[PDB]
Amino acid sequence: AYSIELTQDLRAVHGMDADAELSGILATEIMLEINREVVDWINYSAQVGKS
Amino acid sequence: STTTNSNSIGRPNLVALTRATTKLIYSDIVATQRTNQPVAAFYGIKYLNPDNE
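Chains as they are written, first to last, in the deposited numbering: chain F, 269 to 319; chain a, 11 to 63.
Derived by calculation from the structure, the hints in this document are not laboratory data.
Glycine residues also receive a C-beta, built at the ideal position from the N, C-alpha and C atoms.
Where hints are given, some of them may not hold.
[Unchecked claim] Using C-beta positions, here's what the derived DEER-type ranges look like:
1. F/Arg304 / a/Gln43: 47 to 55 angstroms
2. F/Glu301 / a/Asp38: 53 to 61 angstroms
3. a/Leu34 / F/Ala295: 41 to 49 angstroms
[Stated by the list, open to error] Example chain F residues on the side facing chain a (calculated, C-beta under 7 angstroms, incomplete):
4. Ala280
5. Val281
6. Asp285
With the rest of the complex left out, here is chain F:
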C-alpha cells in the first residue's frame, strides 16, 4: 500500500523504482520468514541433546 505520490517522488529524487522496492521487501520477507519457520521447526522439534 504505497502512495501514488511516492513513486513519482522516489523515481525523481532517488531514481529507485518504488514499487519494485516494496516487491523487493515483501518477496524477501516471506522467503525470510518461511525460511525462519523451518529453522524454527528444527530447533522446536529437536530433542534435547547431551541427555
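Here the structure of chain F is known, so what remains is to put chain a in place on it, guided by the hints.
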C-alpha cells in the same frame, strides 16, 4: 391533404456542439520552469551597497 402534421420526425440534426470553457491564462501570466525534484529553490541574488540596501 398530407401535411407536415402527418409526417413524424425521426431525429434532430446534431448541428452544433458547445462546451463553455474560459480562455485560460496561466501560461502568459506566470514564469514557469519545471522542477525535477519535489522541492524547488529559486535563488535570488542581491547586489548590495556597503549599507546592505
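Comparing the hints with the structure gives:
1. F/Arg304 / a/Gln43: 47 to 55 angstroms: holds, 51 angstroms
2. F/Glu301 / a/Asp38: 53 to 61 angstroms: holds, 58 angstroms
3. a/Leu34 / F/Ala295: 41 to 49 angstroms: holds, 46 angstroms
4. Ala280: holds, 6 angstroms
5. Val281: holds, 6 angstroms
6. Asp285: violated, 17 angstroms
In the structure shown, a violation is registered for the earlier hint numbered 6 alone.
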